[PDB]
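In the block that follows, a single chain appears as structure tokens, in the form solved without the named molecule.
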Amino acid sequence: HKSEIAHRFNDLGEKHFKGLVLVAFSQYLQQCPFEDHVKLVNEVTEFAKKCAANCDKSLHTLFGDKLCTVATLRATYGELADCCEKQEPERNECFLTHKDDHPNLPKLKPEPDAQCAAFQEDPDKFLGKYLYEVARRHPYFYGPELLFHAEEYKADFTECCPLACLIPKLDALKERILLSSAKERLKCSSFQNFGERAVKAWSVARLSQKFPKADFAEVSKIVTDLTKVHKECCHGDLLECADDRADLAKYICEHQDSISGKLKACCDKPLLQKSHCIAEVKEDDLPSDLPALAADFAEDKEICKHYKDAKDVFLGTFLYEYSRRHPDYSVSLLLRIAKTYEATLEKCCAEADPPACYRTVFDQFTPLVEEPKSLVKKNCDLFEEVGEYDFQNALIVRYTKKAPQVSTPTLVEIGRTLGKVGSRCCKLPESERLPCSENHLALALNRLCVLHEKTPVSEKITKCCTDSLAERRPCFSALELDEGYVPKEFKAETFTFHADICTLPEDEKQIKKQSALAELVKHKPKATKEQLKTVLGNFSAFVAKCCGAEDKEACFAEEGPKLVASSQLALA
């Protein structure tokens, strides 16, 4: 473009340009006050309009230059100021490395009266502050999807401001924010840790399941365009990302009839909704004219010639064909299946009669299928018997044993998120359980890996997190009690409760107890999951009793220590 900044300003319009520029700033500089970013947004914006009518400079150069003008940059961010000495793209790479995935910021609590009044004084300020608070908490959140979620947030406060209406809404928006963040974060982690080819393979598999009527050429086109979209978003180029995503939405809707019958609803919607709807679209019905795959991938005699000449395309075609007829499998299972297929051809094509060797290639897939089906059945059986909180506790025990070096807050977060997979997926129609469960486990394990990159503590986690992406869930599942762990010294304070727990909302009471559960496992790693449930059950009863007492602290003070000492002896 003659001037990229003006180009994007004209493509997106002023409102979304500023919005995406706000998100970008917030995610990069996570600790600056709201008002300082707004000022930088306006500066940049002013140059957009001057250029629309140094204009030659790329957005990165311009947006990175801007960032390095901020007040107190060395004091507030002692590494970022060093990034500023460097030129692009080195400089931006440097900014990205410093993005913080657990910036430890205050919980966002919906205050219906104080917030409803801010919006009235100034709606633009109020929506902008919202983009800011989520962006700095989720530095990799999918940019255009955040502007979409903010319009939902606008509809929440438009309907409910003239608490009973607003709290279950803002709580739900917040849950969709967490899931959506974890989805995008897995995309960005895949680029970073495994490269663009892993993102493509992932996308080929997922979009083939969604759009099984689409031909391979259409799937490849969409995958190529969407990988570029997410690559740009994951690299901080939010303006380009949004602009390219609107082009993709346009193409998909122009060809909705050959791509999928489920897209009709989506393509009659306004832009942001339209893109959101396509991204979340239900899978289309299986076409009746799906071809038999044995002929092209098992019975054909020139498979080795095809595999030799065009390895990436031949395999891509296998993955597209196998995935489109298997919306009942998870993406990572499909990717493990494609690896096994590739592995068969590699071995069989070296040997003397490959056709009699790769003739049974498809029967090597069936054991890959059985291991995740069993795990999903076993865990959904437990979920249904004991419910979410107790299921969460079983997983906290299971994972703390695998990785007792991991911080208690991390173990609790992950066990809680893993346990929520049961609530989401176990109730689903049964054929949708395996994909739902495993695709959502991949999100929670990625979160564990992301936290682990900055704060490494366990070589077992490093290995499962850095060996193949497709094997990550089976690697975690195969870990057992780390016997190299030295049990944590007992500290009474860790397991000592007070009456302050009583006033906490329910989810925060659970987190307190689950934190103690995690700590019990670290103290007695060999204790069975059954002994730990019993001990936690005695801690729960004690909290309930003393929170109902006339003199709560006296109750906590008297009953607290007995339960602390006796607990040690039940974990032997």
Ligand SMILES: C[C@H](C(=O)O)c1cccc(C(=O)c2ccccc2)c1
Contents of the next structure:
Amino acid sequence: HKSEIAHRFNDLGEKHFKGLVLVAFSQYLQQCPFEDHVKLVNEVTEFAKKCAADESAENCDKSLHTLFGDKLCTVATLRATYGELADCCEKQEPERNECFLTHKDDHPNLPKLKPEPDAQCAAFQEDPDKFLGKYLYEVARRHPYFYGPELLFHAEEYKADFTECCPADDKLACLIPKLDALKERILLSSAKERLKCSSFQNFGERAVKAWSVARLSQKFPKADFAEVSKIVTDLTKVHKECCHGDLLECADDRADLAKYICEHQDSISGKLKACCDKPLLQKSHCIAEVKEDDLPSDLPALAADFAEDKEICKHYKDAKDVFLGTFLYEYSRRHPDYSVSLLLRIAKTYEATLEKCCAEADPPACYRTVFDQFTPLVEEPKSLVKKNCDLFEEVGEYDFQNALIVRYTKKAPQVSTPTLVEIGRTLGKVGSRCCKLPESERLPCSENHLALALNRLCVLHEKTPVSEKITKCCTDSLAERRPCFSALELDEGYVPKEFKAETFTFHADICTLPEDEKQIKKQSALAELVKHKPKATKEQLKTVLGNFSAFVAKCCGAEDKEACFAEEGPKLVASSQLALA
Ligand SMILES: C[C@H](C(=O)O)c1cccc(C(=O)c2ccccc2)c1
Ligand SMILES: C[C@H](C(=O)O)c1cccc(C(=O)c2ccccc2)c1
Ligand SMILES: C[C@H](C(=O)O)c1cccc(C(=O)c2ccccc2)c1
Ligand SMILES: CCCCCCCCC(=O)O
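Now that we've seen the form solved without the named molecule, could you pull up the form solved in complex with the named molecule?
Starting with the chain above, the whole complex follows.
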């Protein structure tokens, strides 16, 4: 391949090429308007077309990193708007691309995307290509680590909605509950992918491989070790490329893997039939979200190879990577009822037991009971899910969220109120999605979603560290994160936050808000109560938050709303300090 840009343009096609180039530049240049990005994509596409025609032509032989970085570094007002990226532009490759990746702005703090059914249908009918382009741009610049090919698929779902609802007489009623649905899927898809890039960033490639082996083995328990290894190998390279901004290489390798899985469908899973008779982007997405295959009847007993065999210490010392790899593969297949992080905890415990037993006088008598060391690792998560799902089913999403906000504020009262509310709210919505499932599917649903919310929190903590306890849980071990976070207790060294009257002061503006923005104001007050009175019992806090809810409802239903807030507000504040003693 003489011209790498021609190669990728030839393989991907103009439509997807333009999309992936837009995403690539949007994820870095988050402040630059859409119009300006379009002009940048047009110039890049023109260069690809020229190179596709004559591969010996000017600068066509240069690397994709060279061409990308050179182009990024020609953008108007770079030093002023993107001072960090501007410093990278001094450097040669591969140092320059490495600098770009380091200084990629994680949370840009742009306004929330509000659907405009009338204006967006108009823009869509006017020019749909540009309308889809704008969607890629808006999502890419808000989620800088979003997988290029996956975002193209979400753009198709976005398109499908707007083709279906714009013809309809009523638009708002048609689009909002679909665009609300699409926004959740974007948040989850973005979160899953941020965990993969975070895992690479924080724990390296060996951790991503072990996670993938565990997950694919659960999804494809029919597949043999050599098949899982092949998929994990190819998928890791895909994940590495997409996470490191190599969208063109990534889109191509992802398409190839999807083509391989579907060609070898019969020996991988019987659930891939639906996925494999679909178009390109829909196929890849379907495989990624595919239901776990039925357990094979012929899954082998593991006690013989991993507990009873007299030469395991020999197998461990000599054939280590294969032996531990085979264990993780085999143990994962037979436990779709376990979370990925639980399976990696069990693997780490298997290894640790072999280290100990194989250093001592009679190893076989020692490691014979290795499987029984897993029992505690399975019960701790199973109990917390049973316990939290009982609470959720009793009190509902709102009070469950409030329960979690109190729990975490007490664990980490140094963390900002918005973050505490966001995390407690998110893990509340986990209760809503997961607790209503069959009891066996709860733990994986819960602890896998917990991994997404904890990764979120750990990314915010990189931006603004507040707690050494949090830094340790976030950086020490991927497998041990949730346990480490669960282990945290109320820091007895913490100084109760100085009481600001203004903090618990409410006005009539609260009454016009939708129900969830109302909740957030009160949930923000709950966090502030725990911050001022952290030794207050969970029951004391439930009482006071009740008084705040009663007060808001009373004054929002008043003749003079502002006179009610102004009169009753200070009284509620004063009595609450005494109630939380
Ligand atoms: C509007 C402009 C164009 O089309 O010149 C443009 C610039 C960049 C990306 C894209 C796209 O993603 C896209 C989406 C659907 C069809 C074709 C392109 C489109
Ligand atoms: C690095 C990244 C990728 O490898 O996916 C990427 C994204 C978009 C475009 C290009 C280019 O090769 C390019 C070509 C000409 C001008 C500007 C960029 C490269
Ligand atoms: C209802 C139940 C109880 O009190 O035994 C319970 C269990 C767990 C946590 C909490 C809370 O902290 C809480 C605080 C305010 C509102 C809602 C829940 C309450
Ligand atoms: C700083 C926020 C702490 C969040 C801990 C979440 C762990 C899950 C739990 O045990 O509830």
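Between two forms, the rigid core is defined as the largest C-alpha subset superposing within 1.5 Å. Numbering follows the first chain given and starts at 1.
S.K.: Cα of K311: shift between these two forms in Å, core-fitted?
M.R.: A shift of 1.4 Å.
S.K.: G484: how far does its C-alpha move between these two forms, core aligned, in angstrom?
M.R.: Comparing between these two forms after core fitting, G484 shifts 2.1 Å at its C-alpha.
S.K.: With the core fitted, just quote the Cα shift at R336 between these two forms, in angstrom to one decimal.
M.R.: On core superposition, this C-alpha lies 0.3 Å from its counterpart.
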